[PDB]
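Peer 1: Take the given structure of chain A and dock chains B and C with the ligands to it, following the hints.
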Amino acid sequence: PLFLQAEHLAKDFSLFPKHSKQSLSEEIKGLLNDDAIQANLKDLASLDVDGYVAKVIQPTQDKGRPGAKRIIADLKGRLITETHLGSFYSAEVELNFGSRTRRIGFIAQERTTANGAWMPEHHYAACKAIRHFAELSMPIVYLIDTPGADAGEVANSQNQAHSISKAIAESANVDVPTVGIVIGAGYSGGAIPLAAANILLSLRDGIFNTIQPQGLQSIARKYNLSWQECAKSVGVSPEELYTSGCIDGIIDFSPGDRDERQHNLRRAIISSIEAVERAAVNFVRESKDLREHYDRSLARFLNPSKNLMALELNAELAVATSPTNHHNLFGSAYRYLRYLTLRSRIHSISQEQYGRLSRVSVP
Amino acid sequence: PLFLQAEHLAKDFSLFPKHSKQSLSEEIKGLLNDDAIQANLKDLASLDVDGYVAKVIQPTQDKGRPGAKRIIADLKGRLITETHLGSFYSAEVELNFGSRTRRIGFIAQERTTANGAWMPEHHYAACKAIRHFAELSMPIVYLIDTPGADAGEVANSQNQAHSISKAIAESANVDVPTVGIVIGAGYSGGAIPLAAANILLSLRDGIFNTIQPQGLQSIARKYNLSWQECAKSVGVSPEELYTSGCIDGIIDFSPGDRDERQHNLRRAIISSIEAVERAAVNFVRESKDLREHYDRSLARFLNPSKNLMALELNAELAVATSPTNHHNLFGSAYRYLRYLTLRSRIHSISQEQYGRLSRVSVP
Amino acid sequence: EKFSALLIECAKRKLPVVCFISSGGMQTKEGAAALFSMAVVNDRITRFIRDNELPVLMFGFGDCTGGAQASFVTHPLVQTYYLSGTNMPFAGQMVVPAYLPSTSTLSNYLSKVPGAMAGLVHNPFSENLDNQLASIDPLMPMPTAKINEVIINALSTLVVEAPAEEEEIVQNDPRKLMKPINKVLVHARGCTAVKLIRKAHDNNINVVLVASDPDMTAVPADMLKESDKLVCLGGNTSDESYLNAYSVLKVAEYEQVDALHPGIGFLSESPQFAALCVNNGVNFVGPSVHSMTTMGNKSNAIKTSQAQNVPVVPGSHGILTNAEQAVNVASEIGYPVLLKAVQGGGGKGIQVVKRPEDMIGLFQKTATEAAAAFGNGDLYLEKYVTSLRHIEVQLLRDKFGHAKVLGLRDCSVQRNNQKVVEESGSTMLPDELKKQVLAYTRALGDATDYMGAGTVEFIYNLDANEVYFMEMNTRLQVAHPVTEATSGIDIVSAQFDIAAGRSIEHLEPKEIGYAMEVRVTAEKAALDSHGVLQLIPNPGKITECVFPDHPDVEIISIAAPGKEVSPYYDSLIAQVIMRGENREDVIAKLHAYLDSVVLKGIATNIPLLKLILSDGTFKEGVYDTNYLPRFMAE
Ligand SMILES: Nc1ncnc2c1ncn2[C@@H]1O[C@H](COP(=O)(O)OP(=O)(O)O)[C@@H](O)[C@H]1O
Ligand SMILES: [Mg+2]
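Heads up: the sequence lines are chains A, B and C, in that order.
According to the deposited numbering, the first sequence is numbered sequentially starting from 18.
According to the deposited numbering, the second sequence is numbered sequentially starting from 18.
According to the deposited numbering, the third sequence is numbered sequentially starting from 760.
Quick caveat, the hints were computed from the structure, so don't treat them as lab data.
Don't take every hint at face value.
In the SDA-like style, the derived pairs of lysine to any residue whose C-alpha atoms are separated by at most 20 Å in a straight line are [to be verified]:
no.: 1; chain 1: C; residue 1: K1348; chain 2: C; residue 2: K1369
no.: 2; chain 1: A; residue 1: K305; chain 2: B; residue 2: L315
no.: 3; chain 1: B; residue 1: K59; chain 2: C; residue 2: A1130
no.: 4; chain 1: C; residue 1: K1178; chain 2: C; residue 2: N1297
no.: 5; chain 1: B; residue 1: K145; chain 2: A; residue 2: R117
no.: 6; chain 1: C; residue 1: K938; chain 2: C; residue 2: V1037
no.: 7; chain 1: C; residue 1: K771; chain 2: B; residue 2: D306
no.: 8; chain 1: C; residue 1: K905; chain 2: C; residue 2: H881
no.: 9; chain 1: A; residue 1: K145; chain 2: B; residue 2: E111
no.: 10; chain 1: B; residue 1: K145; chain 2: A; residue 2: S116
no.: 11; chain 1: B; residue 1: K86; chain 2: A; residue 2: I97
no.: 12; chain 1: C; residue 1: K788; chain 2: B; residue 2: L242
no.: 13; chain 1: B; residue 1: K145; chain 2: C; residue 2: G874
no.: 14; chain 1: A; residue 1: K145; chain 2: A; residue 2: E329
no.: 15; chain 1: B; residue 1: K46; chain 2: B; residue 2: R117
no.: 16; chain 1: B; residue 1: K239; chain 2: C; residue 2: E789
no.: 17; chain 1: B; residue 1: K35; chain 2: C; residue 2: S1027
no.: 18; chain 1: B; residue 1: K28; chain 2: C; residue 2: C769
no.: 19; chain 1: C; residue 1: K1163; chain 2: C; residue 2: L1197
no.: 20; chain 1: C; residue 1: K1283; chain 2: C; residue 2: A1392
no.: 21; chain 1: B; residue 1: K145; chain 2: A; residue 2: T118
no.: 22; chain 1: C; residue 1: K938; chain 2: C; residue 2: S1262
no.: 23; chain 1: C; residue 1: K1009; chain 2: B; residue 2: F300
no.: 24; chain 1: C; residue 1: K871; chain 2: C; residue 2: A904
no.: 25; chain 1: A; residue 1: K28; chain 2: A; residue 2: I363
no.: 26; chain 1: A; residue 1: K145; chain 2: A; residue 2: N190
no.: 27; chain 1: C; residue 1: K1009; chain 2: B; residue 2: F30
no.: 28; chain 1: B; residue 1: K38; chain 2: C; residue 2: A1034
no.: 29; chain 1: A; residue 1: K323; chain 2: A; residue 2: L334
no.: 30; chain 1: A; residue 1: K305; chain 2: B; residue 2: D312
no.: 31; chain 1: C; residue 1: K1283; chain 2: C; residue 2: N1297
no.: 32; chain 1: B; residue 1: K72; chain 2: B; residue 2: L58
no.: 33; chain 1: C; residue 1: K1142; chain 2: C; residue 2: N1068
no.: 34; chain 1: B; residue 1: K38; chain 2: C; residue 2: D998
no.: 35; chain 1: B; residue 1: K46; chain 2: B; residue 2: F114
no.: 36; chain 1: B; residue 1: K28; chain 2: C; residue 2: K1009
no.: 37; chain 1: B; residue 1: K305; chain 2: A; residue 2: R317
no.: 38; chain 1: C; residue 1: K1009; chain 2: C; residue 2: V1037
no.: 39; chain 1: C; residue 1: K1158; chain 2: C; residue 2: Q930
no.: 40; chain 1: B; residue 1: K28; chain 2: B; residue 2: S304
For reference, chain A alone in the conformation it holds in the complex:
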């Protein structure tokens, strides 16, 4: 069955990252190549922690940095509709793919309000947009730029914990191509529903980490370090994140660019979404067990039992609430491939794989 095989094949993919079939960033136009990234890894190693912080972290501290709406507007597609409240943006832009024009959904953390910090009603608004784009057969592009989702008293009183996990559940299981692109900073539970992608990119001067560099200060007090040293040690650079497999590509684009690097953004979105779609078509030819999964998923829609239907009503999730707005077979390939993508960039080892440190001359 698909569920048993989905963990097995992603577990096999985690044994050997380098010669895996998951590499789609070789085919995408508008990225920094391996050679450019190696030269910058020498520069990041030869710089002190202060020079690392100025190259990587300080450009996302720029308060005048072009917003997530403005980055979407510089695609020069046809705006159909936009949904906007606070630091949540979403849009529906009909972009020219070369062959024809196509509606692509955009869901974006907008930094012009609260620095990009989402409340519970923004995660529920993102869920509403994720449901709509699934039903309406539209590829999604996530834009990530936040200090993290708001963890305050009103957030937890409004149940931020359930709103975040509902958004991660619906994003993980959405039936259209999702391409995350880190356009500034991405941290923790506020960034991971939007970083749940078939391809996750960054811009040239973005950041992506577990929590903000300054939030490592509590851990820095244990070892008598600065917070800056901790962020340099763990590597929050797009180049070190590419090397550690966290992101697929670094787009040769910063939000302010006015030359042919502003054209790389559009080309990277078009050739990311075409690469994710080609990968779904190849996997449908390869897998008979994907066909069996589509039958089991569609058969419970044909005969909705009271126990199954009641849990779906309580949850209010992205589901086939119409036969016309039921997903296709390739929708089930986008949920499966998104799992493989996210699962092959987590690694863990056993107690026998770990070698012991020397206790000799350490009393």
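Peer 2: Okay, now just chains B and C with the ligands, sitting in the frame of chain A:
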């Protein structure tokens, strides 16, 4: 083999029209009842040709009658896009279905430009719009109102017939619920790409006919009648069209009403789209061959064989222009249902079945 | 429908498709319904290339205009062609308001205009056409390809798949479906269902019974075993139950039945219900659909009788057009005359017209009676014979061609056309005219290729001493157990042998004694507006009902103690068929048996039936079809 099966089923369902499951006229909420229809047949029988012309023909000719955009605006939904292109008017509106809002596509013949007379580029726009809604899984409400498509010198120089043949081909093969609603006059080959729907309705004072009633004057000259006599003899009232099985019911609304009856148009649309979707789910429950047809159509998208791939390039048709924009299993059910209803609207007999006239006492 | 049928034969056999299309447009004289043909045929060509790949050619010739041009001919996947000199605009001269140039209408000038065609071909009939067109305008675009060049290039570029051995054009043929019957669907209620359920036991066949809500607890349902099935159709009336053909077919498919007996009444005589079963491969117990339409269409039944040298009841012979036509045919026959509905039967809409003065109003009137009753105002005229016998002759025939004619019946004691006292012989019919109707039944049975049980009806004019064919029953007739006795041949068992694919050559029709049937019906006596006695239905619960066991009477019945006679259905509660040596003995035994029979709770027609059997004129056998309403007034 669904192609063989649809002629078998449609022949079976046309042998006894009244007790067939092609009768969806009970479902739609906002239609006139069969008693009011029987009472209107008694009045149209007892009236003369001038009383028939006043009741039926004169309100569809009325220049003070609300246009396609004014009718769509007074559904009171949220318009998302518009495309006014001469006598063509495509649109896209969110309607409330009670459980949630839904995108419903529109393609309408606008009487406030060229009287609703369509040109070649309006048929090519209707071709494109029908693919565009299919690629986005949006149900379509067609609005019929025309003197017929243009028979002029400019139309035939632009290859008028060849634009309509493609428009009927897209409509017949679209992968979303299609509802037709006659909002004025449905004459000739200009009315049939829109009237090729799953459920063809009419407003209370609409008309649907083979040509405009003045065009019957040539046949009236040949047999020594008036064109008004030929129009009543043909039987062009919504009541007579429902009796012959051309249409699936008469919506209790006329474009100028402002009582309780203005609310019946959105209700008739909601209950029509819901009725086609419940009927199409019931067809996927009971047709195992609808799976085989979908898998054979899917296998062509996986491996486009050169002889049909070249035909699809030259023909430009509504196909899977992406794995994401590939139709669902219920998409093939709307094609199937649409054929069964179109094929049970037509009816023919045999030479053995036809009752021969008397040769006796004929000079 | 012909285009869909052809594309289906092409999809089955893997044929390339060639089309030569010429049209003035869609047929406007077929109503608004004709428009849907544009989308039907275009969809079948769209689906034909997208599911079956085989190339469709469209050679537009002559005038190629209207909806044929505006759909399938110019469809973007077909290879569109035109002959030289073809007129190809969107609509023709009948619809077009003003002149259209040959640059926008003639296929020559449109040949080089992009997307108009894959080529302009030569017109292979009009010898000098291209030189005649070059003399009109030398700058006109000329044709280049031939129709043979386009066809040889279309055929030679395809993969030549190995052809299967040729089959015929496969149509609805019951003879293929006729296989041994061990489970049968019985489409009936009442005494007809009891008769068919009894015959199913006697032939060792399981019954699948279908029924309305009053009839789920009827006597035909009680007669079933644990191995026999009963299925709910729902509702009270015929419309909610038996007349739903799709529910009955879905039961035939669900139970996987070996055959379907279409019963009597409801949909029994409809060739549409016969075709519906045979489309889905379900064996129809009775004639072919061809035999049902030939002898069910009243004009064609007369025309087939005329071809077989069988005298018909004199009339219009086809269907009347108008009141002026009705007057002229009536005058030629001589008044009074009949007006009858073509989709009639059961005496419905049969008007007698006494005069030309009456005929003008009575034609318009009876056209409204036919149009109200059936949805078709079509009248046809027949000669009103005032002194007649309704003689009817039972045919059996197999698929091999043995026309075993069993014998005649006389059903002249009838009330509002519905037969009441029916007999195995006619006491006023000469043996020479009996031999003529026997020969005419064989001629009709063989010349229509008839199967199963059938009954041809004759008017035996008492004034003229002549026998005339009226119509035919293309199914089982309620009067049948009278002929089962006197022929020595079981009619339903012979029909179940025929519908199992067996021969009836082995049968020997006899003339065993005499027989008579009284239809026992639940009706009370009541006076009309002038004081003449009528019978009208008495519904209700039956409290006591005894039919004593007697060897020379057969009882088919739904009456028993504690059963109710439903108001939604007919008052027919039993058929009592007496047998005996001679006619006086059959009358006397039936008279004595009707007094030994008891019915309570309900009223019954039996006070009238006893008095007809004690009438001197009936005992002598001297009467006509109009005897009964005269005798009820006495
Ligand atoms: N002019 C007539 N001559 C003879 N029978 C007539 C005439 N007019 C009406 N009838 C009635 O109709 C019969 C002919 O068959 P019909 O009653 O029409 O059959 P059904 O109604 O069972 O189809 C005649 O036997 C007679 O009872
Ligand atoms: Mg009769």
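Peer 1: Compare the structure with each hint and give your call.
Peer 2: Hint check:
no., hint, result
1, C:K1348 x C:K1369, "holds (11 Å)"
2, A:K305 x B:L315, "holds (14 Å)"
3, B:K59 x C:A1130, "holds (13 Å)"
4, C:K1178 x C:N1297, "holds (19 Å)"
5, B:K145 x A:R117, "holds (11 Å)"
6, C:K938 x C:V1037, "holds (13 Å)"
7, C:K771 x B:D306, "holds (17 Å)"
8, C:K905 x C:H881, "holds (6 Å)"
9, A:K145 x B:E111, "holds (14 Å)"
10, B:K145 x A:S116, "holds (14 Å)"
11, B:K86 x A:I97, "holds (19 Å)"
12, C:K788 x B:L242, "holds (14 Å)"
13, B:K145 x C:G874, "holds (18 Å)"
14, A:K145 x A:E329, "holds (15 Å)"
15, B:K46 x B:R117, "holds (19 Å)"
16, B:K239 x C:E789, "holds (17 Å)"
17, B:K35 x C:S1027, "holds (18 Å)"
18, B:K28 x C:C769, "holds (19 Å)"
19, C:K1163 x C:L1197, "holds (10 Å)"
20, C:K1283 x C:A1392, "holds (15 Å)"
21, B:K145 x A:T118, "holds (12 Å)"
22, C:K938 x C:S1262, "holds (13 Å)"
23, C:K1009 x B:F300, "holds (15 Å)"
24, C:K871 x C:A904, "holds (14 Å)"
25, A:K28 x A:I363, "holds (10 Å)"
26, A:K145 x A:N190, "holds (14 Å)"
27, C:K1009 x B:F30, "holds (13 Å)"
28, B:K38 x C:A1034, "holds (18 Å)"
29, A:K323 x A:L334, "holds (16 Å)"
30, A:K305 x B:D312, "holds (12 Å)"
31, C:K1283 x C:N1297, "holds (6 Å)"
32, B:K72 x B:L58, "holds (12 Å)"
33, C:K1142 x C:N1068, "holds (19 Å)"
34, B:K38 x C:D998, "holds (15 Å)"
35, B:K46 x B:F114, "holds (13 Å)"
36, B:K28 x C:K1009, "holds (16 Å)"
37, B:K305 x A:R317, "holds (16 Å)"
38, C:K1009 x C:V1037, "holds (13 Å)"
39, C:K1158 x C:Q930, "holds (16 Å)"
40, B:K28 x B:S304, "holds (17 Å)"
Checked against the numbered hints given earlier, the structure satisfies every one of them.
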